[PDB]
Amino acid sequence: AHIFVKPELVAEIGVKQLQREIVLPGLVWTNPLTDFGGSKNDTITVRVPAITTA
Amino acid sequence: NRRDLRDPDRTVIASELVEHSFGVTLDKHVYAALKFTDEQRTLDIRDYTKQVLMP
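Chains as they are written, first to last, in PDB author numbering: chain E, 2 to 55; chain H, 56 to 110.
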């Protein structure tokens, strides 16, 4: 029997471990407030103005 | 192989071609490790190169 010494070749052909698509970060209101270092408890208070009744 | 000329036994022994191999491995890790306390480095070490690196 003939015996041949050959490597074990490794290739990439395009199988890339299918994975999700990111869509939500663009749709949500991001960074209206950027001063949590500067207010206590890392909390910025937001004021909602008043409404009158006649 | 060999055979006699004009022999009625006209059989040929087929040879074989066997490739061999061996493996060379990277296995050992040779190191020299040292530690000096801050007092040792401030006071006991006077010439860092000649006292530490060369040894």
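Honestly, the hints are just simulated from the structure, not real lab data.
Note that beta-carbon positions come from the ideal geometry of N, C-alpha and C, so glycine has one too.
Hints are not guaranteed to be accurate.
Unchecked claim - Derived Cβ-Cβ restraints for the label pairs, each shown as a range:
#, chain 1, residue 1, chain 2, residue 2, range
1, H, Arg101, E, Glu9, 27 to 35 Å
2, E, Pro8, H, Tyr86, 48 to 56 Å
3, H, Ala69, E, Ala12, 45 to 53 Å
4, H, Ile68, E, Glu9, 29 to 37 Å
5, E, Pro8, H, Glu94, 52 to 60 Å
6, E, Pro26, H, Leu89, 27 to 35 Å
7, E, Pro26, H, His75, 56 to 64 Å
Taking each numbered hint in turn, which are not upheld by the structure, reported in ascending numerical order?
1, 2, 3, 6
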